[PDB]
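One chain comes next, on its own, written as structure tokens: the form deposited in one PDB entry.
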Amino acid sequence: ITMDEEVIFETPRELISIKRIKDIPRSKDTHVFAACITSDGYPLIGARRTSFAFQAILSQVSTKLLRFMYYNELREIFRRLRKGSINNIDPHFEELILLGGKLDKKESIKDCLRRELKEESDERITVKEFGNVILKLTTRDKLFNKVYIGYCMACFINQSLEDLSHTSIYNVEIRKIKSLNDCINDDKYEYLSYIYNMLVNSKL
């Protein structure tokens, strides 16, 4: 990816634009993401603890939304839609997110990522080296028309994929950490692949 050129991806749920930028704006708190590459060369992705569809429903059922929730969330909704409800369609859905979190503008991007990666990983991830390229990710969700922005950098970590296979049940942020290639059927797979490919190629 070249400085300030933008690439656009569409999924059934989102329109996302990905653009290389020089500096993250520091007028407000922002969100920063890590494209994390394990020591054995696998790209990592997190499964968000709560799905975006369920969070949207809570903050406000369309059946397109029932295709994009976790099964425990669905059971909570169906217990209310059907009286003696004992099961419902399970879409085998996971809400894929890059690891990372909030950057106020006290801290460097690097200290922020080290901290958030260690909290989201139950203190297992440590960063061997960072990349130098920052990508701005702008998503517009199609169902609720909300716009969300975050900034992504490469993190080459010390741990192997296998090191990160289990995640504590008390992890408030993510249900698990996995390889992105274990998510090929997810509708975010194309643009997440692009992010990793661009950040790794820039590193090389």
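What we label the rigid core is the largest C-alpha set whose atoms superpose within 1.5 Å from one form to the other. Residue numbers count along the first chain shown, from 1. Compared with the form deposited in another entry:
- Just a single entry of 128, 102, 79, 115 exceeds or equals a 2 Å CA shift between the two forms, which is 79 (rigid core superposed).
- Relative to the superposed core, residue 147 shifts its CA atom by less than 2 Å between the two forms.
- Relative to the superposed rigid core, residue 169 undergoes a CA displacement of at least 2 Å between the two forms.
- With the core superposed, residue 29 shows a C-alpha displacement of at least 2 Å between the two forms.
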Given for the second form:
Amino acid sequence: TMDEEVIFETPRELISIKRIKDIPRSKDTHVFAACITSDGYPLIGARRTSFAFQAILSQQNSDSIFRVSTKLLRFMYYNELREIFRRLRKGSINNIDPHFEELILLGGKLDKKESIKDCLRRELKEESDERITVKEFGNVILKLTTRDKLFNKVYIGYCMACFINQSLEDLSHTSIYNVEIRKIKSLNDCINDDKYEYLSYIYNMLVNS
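Now show me the form deposited in another entry, since the one above was the form deposited in one PDB entry.
Next up is only this chain, free of partner chains and other molecules.
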């Protein structure tokens, strides 16, 4: 409902999802697009760089010293793990998840002279290599408040439904090339992901209300 706030917990995140009426236009506003394809599939992106590896890189401060929490190893991509251990090359490493992917809703920063819908259109364009267009926007607006339990940071974002012109196959035959997204896929192919429950909830709330 317009009232209800729902809090999900994962091993990595706590997220509050609350229906609101208007998005507070300002400096740091993220707008996320929950995309439904023409043939009715919910979309999800795999972030190009994991949150874990981004954090790790930002924590370095020396030419001759590289520093990494082992707990983060299970939350990184193959190429990232390779980059970390490429020089040391020990026999093997532990705590790896070969099925890891960083699931994210598409979308981005609201710019100064920009409406919400224009922002959604533009960001969906940039993150899909010009392959996503919006036929119709939903009317339900959600506020997402995320605490990252690993890094102790809180993030705010706002989500809307985007019914796009493309089909699932339209976005799943050619690989993504831009710097933000490494893959666009059906959320329903991600049932075992840590984020699947709350993401599925976001889609269901946006379409079944």
